[PDB]
Structure formats: C-alpha cells, structure tokens
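What follows is one chain in structure tokens, specifically the form deposited in one PDB entry.
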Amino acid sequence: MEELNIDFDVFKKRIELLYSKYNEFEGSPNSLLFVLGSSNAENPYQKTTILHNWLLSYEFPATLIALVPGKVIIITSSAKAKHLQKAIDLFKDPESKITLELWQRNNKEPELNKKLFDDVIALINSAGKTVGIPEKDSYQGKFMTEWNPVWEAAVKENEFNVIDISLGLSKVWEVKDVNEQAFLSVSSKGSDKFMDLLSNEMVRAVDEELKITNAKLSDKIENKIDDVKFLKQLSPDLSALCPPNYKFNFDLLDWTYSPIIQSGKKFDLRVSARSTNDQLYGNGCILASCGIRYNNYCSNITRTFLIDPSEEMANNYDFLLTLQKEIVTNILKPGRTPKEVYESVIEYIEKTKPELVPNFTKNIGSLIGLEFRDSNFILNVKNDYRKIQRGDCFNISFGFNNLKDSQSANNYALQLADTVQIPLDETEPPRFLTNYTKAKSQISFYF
C-alpha cells in the first residue's frame, strides 16, 4: 500500500523559512499555533488550510501544528502520522536547529486527546506568553469541540498574549519559488482550456437559441472537470508545464471557484459575482470568468465576448486592452505599493478617457497563489503597507460597469482578467500565464 505523496525536502525548507521569519512578525510571537478541524470544500482558503497546502501540499483535517523554539509539534491521527513519519529523520541532521515530533491522537479517545492538548500548551507557555494564530480561521467538528475549551482555559490561566499572524503568513509565502511558478502556469493553462470550451459552448447556445440560464451554462463548464475525455484532451498542454520531478496528476486539478457567466443589461465586476438563473442573453456584452486550481495553486481568467457590439462597446473594449498592456508593461513594478499602482492606473485613465473613471472597478485585482484572493494584498488605494516583489504572481482583473450605449440607451459592462507572473529575474518582463485570446476580432461574434 503506497503512502501519500509528500515532498519532505520542500516541507523542511518551508518550515525553516517560517521559523527564520516568525519572530519578526508584528508583535513578535514566541510560538505559532495552527488548529484545523473538518475540511470544507466551500471555504478552502483559510490561513491554516493554506499553511497545510504550503508545507505538505495536502490539507490534514483534525490536526494541530505548533512551532516553538527548537521544535515543531504535530498532533494528528495514527494514519496521518504515517504520512509524515519519514520527515522526522530529515530534521536530525547537524544543520537544523529544529526537531519534528508527531503525537498520535485518536477520534475515539477524548482523554488521550485532552492530554496531548495539555502537553502542547505547556510547551507553548515555556516558549513565552505571545502566541501567534490566524485569528480569522473558523473550523467545525469533534476535534474543535475538544480543543476550544482547553485552549480558552489556557489563554486565561497562562495569561497568553494571543495575536493575529495573518499578515506575517501572507508575507512568508508571498514570493513564488520556481516550482510554485510552474504550478501556477499549469493552473492558468487549465483556465485557458476551460475558457476555450466556455466560448465554444456560449456561441453554440446563442446560435441555436437554447433555453438555458447563465448558471446552467457555467455549470456545464464546471462539470467538465469530471469528464476524463475532456481531461485527456488538455493533459499534454498541462503536463508540459509541470516542473521536472513533479509529474502531472489529474487528481490535483480542481476549481478555484465556480465559473461565472454574465449576460443581459446588469453586471457585477466584483468577486461577489455569481452566474444568475436568467436566460442567457445572446446580444451585447457577455462576461465569463474561469479559474482552475492545480496542486492548490489558483489562477483566474476573465474575458468579454461581444455579440453584435455597438461601436462604443467595441471602442471601449479596445481601450480595455490598451489599459491592460499599460498596467502590465509600465505600472505593475517591484517596489511599488498597491496604492501607488492603483493611483497610477487612475492617472492614466484620467489622461486618456477621463469620462470612464467613475465606471472603473475599485481595484485591479490582487496577489494570487495558494489563496485565490489575499485580502492583505488587494490592488487598491487602501493598501499602502505591501511592496510588490519579484516572484509575485497576480490576478490582474478590472473593468468598467454601468456604461450606457448612446444609440440604444442599453446598459453594458466590460471586464478583463489574466494571471500574471513577475519573474524572480529583474531583466524579465511580467509573463502572462493565461494566454487565451483577448483580441477583439476573436472575441466578437455576429448572429
């Protein structure tokens, strides 16, 4: 029986990175503490889950991880400890200042579990009074019900200074190493392939005047991820982009979020957007967003399709393209804050199409990676506390909403998103990881 596939050298590298950084997080925690209950596929981007994905490339439910000076402690099931066991010997070599311990808990014995919880809490206390945790994280289940009161009691008794480490974590894993950059490329290639399918399906549905809602059409695209025939078609392209020594594996392909299709006269350009249960409207502007996730690495692509567009629709789409090229080539530079980047975008728009400024989205996207949307790295005027770094990957996403076509008086919107990697190398321009066509001639259809 084959064990779970985990890269322990990467685990060791990343644990040692975290350890080299965490005392310098805001508020200087003596210890880090991560507790993960039951998994939820419908809320997959909590910091503790992201930590598991970054460390092990798998989420481990019902598992505690603590970092204290000189020690990582993992409390988990006997089956889960079996996945991890070989990692013990790796930390023994004279280089590392850290040992790894795996403490085996059991679903069916609350007294063993409580005692293990007691023991880890005592070690944390021995390290000091400041305990760093992802404060926003919420998990359910039996493990959590055993943990929560034991932790609550400890904070009081030990007078722990419990602090949020969400910003520190975002910073530790922000810059993508070469393998992550490759997994992002794979993710993005997937997105291109599903967008191609989407455009092909949308056209046929419009041409044939199907009875079908935006939501049913986007559900049809979503469900193709379960179609091995379709998966086999895109295999060569995605496998070609996997890093050496990390073989393409279909098991590792998922959705970042449910695909979005929008049509009609009312549009939503914010992350809150969901396909509506209205009939697909085969005229004007159609907005589609896809984001495949490969090996936990998120991507994003948004395209506008123009059906029998008016001149103003087409002309504003040309500008949308010009703006994207300006943002990526000239504005999105290492060393700049999100606020500086966003202000520079408004400046450019005010100089070229000032009338479009009130219609512009309030951000131009965000840092992307293991987390779809890092809320400490949204590209808007509010963020003046991060600098862009070489190695950062972004979802660059923006649009113009509530545009009125003059001769029809019809409302419309335009939207464009790609996933863009900033190379580690300074001589290298940003790379588009998503390369599905955005040329006006290729996204325009006439019926």
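Here, rigid core means the biggest group of C-alpha atoms that superpose within 1.5 Å across both forms. Residue numbers count along the first chain shown, from 1. What changes on going to the form deposited in another entry:
Just one of the listed positions, 330, 277, 106, 352, moves its Cα by at least 2 Å between the two forms when the rigid core is held fixed, and it is 106. Superposed on the core, the two forms barely differ at residue 43: its CA moves less than 2 Å between the two forms. Positional change of residue 402 between the two forms stays under 2 Å at the C-alpha, relative to the superposed core.
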Second form
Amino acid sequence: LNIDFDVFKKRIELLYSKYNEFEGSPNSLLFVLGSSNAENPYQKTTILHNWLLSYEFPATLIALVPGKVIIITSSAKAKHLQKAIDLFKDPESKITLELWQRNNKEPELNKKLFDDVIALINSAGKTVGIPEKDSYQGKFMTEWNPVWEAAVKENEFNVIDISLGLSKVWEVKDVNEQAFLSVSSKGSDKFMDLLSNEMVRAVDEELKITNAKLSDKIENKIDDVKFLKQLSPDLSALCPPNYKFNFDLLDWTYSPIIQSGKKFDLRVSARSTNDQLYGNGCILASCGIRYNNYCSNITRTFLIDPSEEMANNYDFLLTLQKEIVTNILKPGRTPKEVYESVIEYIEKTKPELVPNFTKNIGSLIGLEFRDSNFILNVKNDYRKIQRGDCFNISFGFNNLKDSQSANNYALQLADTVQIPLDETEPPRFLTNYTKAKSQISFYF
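Please give the other form, namely the form deposited in another entry, since only the form deposited in one PDB entry has been shown so far.
Nothing else is written out below except the one chain.
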C-alpha cells in the first residue's frame, strides 16, 4: 500500500457531505467487505474501497455516522491506514477517523467490535444505508451476518439502498481519475491492435481456432512481460503527474469478445463462442483494459471481403458516432433525451436501420465497468450528464441482411469518451485506435 490520504480525506468528506440527502435519508452508511472476488469486482463496497484507497480491503467494515468514520479491520491494515487518523485530527474537520483492530486469536474481542459499531449506528438513527446488491462470502462475513441480522430485527433498522447515491457521489472524474482513464484506454488501443493483427494472421494462416480461443490468446497477453514492456512508454506517459506507471495495476475490465460467422450478440451478456473463427464478413472485437481500477472499453468491426451494403452501412456507423459525441452527448441531458435524439437522427438519415439498432448507446464508465444507474437507454430520465463524466459510448446494428450470405451480419463501435470539466471544451476520445474503413477492411 502507497496511499494518498489527502485523496482519501477528500473523498470521505465529499461522501459525508452528500449522504444524508441520498434517497430515503439514511442517518448512517455501512459497508462490509468479505473476501474479494476477481470474478465479481464491481460491487459498490469494493468500488468504495477503490475510490477511497485505490485498494480493496477484505474482511473490513466501514461505517459512516455523524462526526465519525469507523473502520473495523486487521492490525496489518490498521497500520496501512494509520497516517489517516492524524489528518482528521485537525479543526478543519467535522469528522474523526477511528481504526478498530481485529484480533483473530481473540474471537470475543472481535464480536465486541461488531456490537459496538452497531450501537453507534443505532445512535445515529434508525435508517441505515447499505448497497443492497452487495454479496460477500468467507469467514469475516460468517461472523458478521448473524450479528447484523439480529440488530436489524431488534433495533427496528430501516435498511435502505444507497446505490444511486453512491453512483452520483463518484460520477464526476477529477483530473487524476481522467488520467487513469486515459492510461486504461491507451491499453485498450494496444490490445485491439494486437487483436486485429492476430485475427488477420488466423485468417491468412488458415488457423484452427475458435472465437473464444482467439480472444483468450489476447486476454493472456496481459501476462506476457515482453508485451507489457512494449506497452509501457505510451501508457506511462499518460499517467497523472507524480504517479509512476505500474504493471501490477493493469488488468482486464472483462474478458475480450470476438464474434464471427453465425452468431452476433450485441448485448452486454455476449461471450466469445466455441465456433471456429470465420474468415469472412463482419468480425466484432471488444477489448476493455483496466488501469489502477479505472475501466475502459473499445469495440471495432473488422470487414473481411465486405459487400457494398456492409461497407456502406459501416460508413453510416462512423457518421452516427460522430453525430452522437459532437452533437448529442451534451451535459444537462438525461440518458433518455440522449437516446431519443439518437433515434431521431437515424430516422432522418437512415430510417430503415432503426429496428436493428441497440437498445442503448452505452453507459457511464469509471471504477465500475457498467453503472446500472447510468445506462444510456430510454429507461433513465433521472440522471443528467455532467462535466467530468466519462462514458463507454457503445452501439450497433444487428440482424442486418446480407444479399450474399445465409448469415445475417452486424456492426458495432465502442469508444471511451471523456467529457472535460471545462465548459469551453468538447468530448475527448480516450480510445483512438483506428476506425477508418480502409484500415479495418481486409481482402483475401
């Protein structure tokens, strides 16, 4: 751990200053982190750790009550956090930080800690704010679960969801966050370059390889230390001032996806299939590298011996993205207003494609890959786009008919787009790997 505690103090203060105005008016907040799960990394409590500390702290409880932050954790972790206590000790602080150390040879001490924090919460009032979808396992949780359940039943706690409130508190990216998002996005560009190269070779060398094995080839390159060394200059250059670039901090947002031949699925649920790579028509590729917990996403369509209608529809896909980012994706507008405006545009330029279009044009991106309270569809009329928002702008058309094949085709484009904090400045593409038709088309 090398923790910026000024950033910690800063984000804790922002939270504490917003949370009583969260829906339902919670008197206190409670985050409980079991064991970490690499296969389930975007739970709110984990996102909270990441925003506060840039690390996930397992077997750790954090409570926000009026005038006090309580952290129940190991001795080891309490030493990592110790420098924080002093930082709140000063009279520009409405809040004190307390570290309550667990002792695993002392089970009765440990139970006491839980009883004591629940008493503090009860004092704050009856409404307790917890991320309702959080679901952690392991030994710490098994200690916690019965104690908390008994507390709710005996103390008449009104336990309410705070997911939307948390989503709002950390939505806007500060300069350092924007820079980590830039690094993460450059990593996406690098892996997509490799992906395109590898996909072209697999077609050229007639490789026996499925869509899934090819995307797995790309996925595992994150472990190739030679490959990582190649990436480092371009990525490290983008790191924020005073921050050194670190390999340990580079990860996947999700497993890479390659689609070809028979099956195109434009839903976020899509996975690479076990079908042999199909070296003709449209190839959809998605990469999304994470850096220092900050997610990105890029999606490209490659055209292998396209028909004229395919190539034409690809040109429209480019013109559509340019319209959205330049003219539609504006601060102050809701996801619903943005989406309706997109449909309207397609209606006045290529009306017949409307039924084939995706039901969203992406979501807010950040420490969470896909914020469910900020999807760019018609169901969200309750968020406004803000300066400092980063989006995964991702859309496509599926089930497009190819006059030349029994296989329908599909086209898909995704980029990570930053909205600057400055009013005078336009949306900035963080992913910049080519999407020019002549550079993603291949003839065999």
